[PDB]
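This is the structure, below, for whatever I ask next.
Note that this is a trimmed complex: some chains were dropped, and none of the rest were shifted.
Chain nomenclature is as follows: A and B, assigned in order of appearance, with residue numbering initiated at 1 for each chain independently.
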């Protein structure tokens, strides 16, 4: 723990008054500020501006964005299995042996998949041993890449590492080791970073306009004309055509040419990056109704049914998908309890539709019809007393 | 399932069964006894079940300082080390620099002799007490001197000290450890004591030895040069103690204060021996454990074992007998009613037992309630001292027969022995052990066991030596234990012979000759 303390008092002498005040604020309120940094971006922008913990969040986040490192590191931590989409226990605190079948099922749940890390978190740099806090058998051993936030900071006679994780991790492999007589899972993982904007949306708008100022020039008149029909009112008709299985039941060649033009226009300029985007979804996209008992997430068994029904499955959207780069709550979808957090790899068809002037849309990305989303994580938060879900999904070929 | 201490082992697995395999506790069910494994008991009311700085689990897993001997794997014993200091050659010089009248003599060191120096034997041993009572107790720390290479010559002759001023002394010293623990940062303070008067205290500091003293190893390893006291510098003497070396007295040595460190493995790498002290555990082990010394003629062993006080039902601690405590503290193989080492037989009719006055009184109090008439089925309590003196010669008319001189009239066609057979007699029995293997200026005690299936069959014995002695013994139906003592003289003496004459019906068993101490030399 020598290097963590050394860099802790190296950073601490260049931390100013409000930064250090936010540092003791995280020292006394680590869990609450951590969960707030996890779930703050889904509230209203004015809820953010009036939030008491938002000042601490932005001070700590700026400190994380200014204390960087030039080389990748390996760090060890213990985190709940519920945080990494494993909704069961492998071995308990009194249990010390892990059988082959539970190792196999944990392997097949963690295989070939990505898991998000968001918010503030305190992490030790070295492998915990005899007397260190080992609450779970899941020892995550992560390779943080270059230019990633890294804060050694001393609390009383101990030292920890505050970071603002905003990245997904790909667990390359796991092993079963014996520490203090107990079977622990040591997980070698790789950080996969994503272009996520959360609440800062003006600069995301600038990026989309810079990447898509010439997009309307690249489209054919059929494709550009059908897109212009689409955002100005034809989205309702085209989505009603596609959702009701139009080309199969009662095929409309005009609407078939319309959706072909929309797909071609989305295919003209692929997105040059992997993105994290927020779509405000309703119950009908999940085969449910507003009056259905499962929509009321204020009770926990509805969330359990949501986990049992939708986690590990593929969500099919036969219509074009409208997504918003801003996670901020809006008056249009305040009542909706589903905010789908979608990850999109490189080269996918689509467009940032707000680059075209004259549209009153708010930072919208269009996605091709018939898409398949892989459900990965479902967190929860409290918009007031209304319990809402955070469905972190992705785009899969 | 239920846990009390800072240990992983359950309460049921801390009692009447203890098996620790692949760092996992399991109950002993007695099907893996012959596969080299052993069962323990450790306390379920304290993490440190013994006085050592090691809990039961780390001391039973093998997870401790590996320089500690394997005899401390059981949780019963504590890692208690002892520094003893001995001397070999004394040189007397009359200068403060080095020229002068210098005389050099070789002298043998006796570790465990003063504990059994004031012991008296009896012709018949009453009741079931087959031991001897001592008047004082001494550990392996003290070390006595016996001068051997000394022809007829006064010590003042070699120095020519006339009226007022005698010479200076200088010695060759060596350091030994008799204990199952290593110390590194040695701070040995010793005192060169003269029959109640102290000449000098020697501090060997840190540079003369170093930060390494392995358990059971002399500071010069096997055969090298002794460490001279020429590397707090010189020790004087007057013309009052110079003449007291001559007649009866032997100069002794006693270490007083010793401190050190014990190696503790860290979380990742190497053992830390800097931030430590062997001073917070001296009263931790000394006040709770017992003391057992075993004196082999080649080496000495000292052990401390945790026991039970009988007048306290609150303290839930393991209960130990005598023989089980010896087997646990030393490591022994269990033959049919027999406890064996790799070559050393230990039994109530095979070794000499020395007890202090209070412990002998306790045992005589406890020997009444036993219905088996044995000395090893005695419960162990806090605050005893045990001396087990292995005889230098012992026969039992069995597989063990190590006598360099053959007997006479040997009849082994019998079966009414204490173990194996009993020696049938027809007439005399002659033994003639030569001076080539008797150490001069010593005292030897021959003890034996007899049976006699006749009303008034009696025997005579003659110990023909420099001080010969005749004796008349009346054996009984059961096993009677008898002990006789004799001395010897220098190399120019004749062989020592033992003649025993019975009448053809008495039976002899377990005949052992042992050495006790040194006699003063006329000089």
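Just so it is clear, a residue touches a chain if its C-beta (ideal position, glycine included) is under 8 Å from a C-beta of that chain, and two chains touch if they have at least 3 such contacts.
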item: Formula for the whole complex, using the labels of the chains displayed; value: A x1, B x3
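Convention: only the chains that are shown with their structure count from here on.
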item: Computed distance of Cα centres, chain B from chain A, in Å; value: 75
item: Complex interface listing, chain B residues touching chain A; value: 8, 23-24, 267-268
item: Residues of chain A touching chain B in the complex; value: 129-131, 178, 181
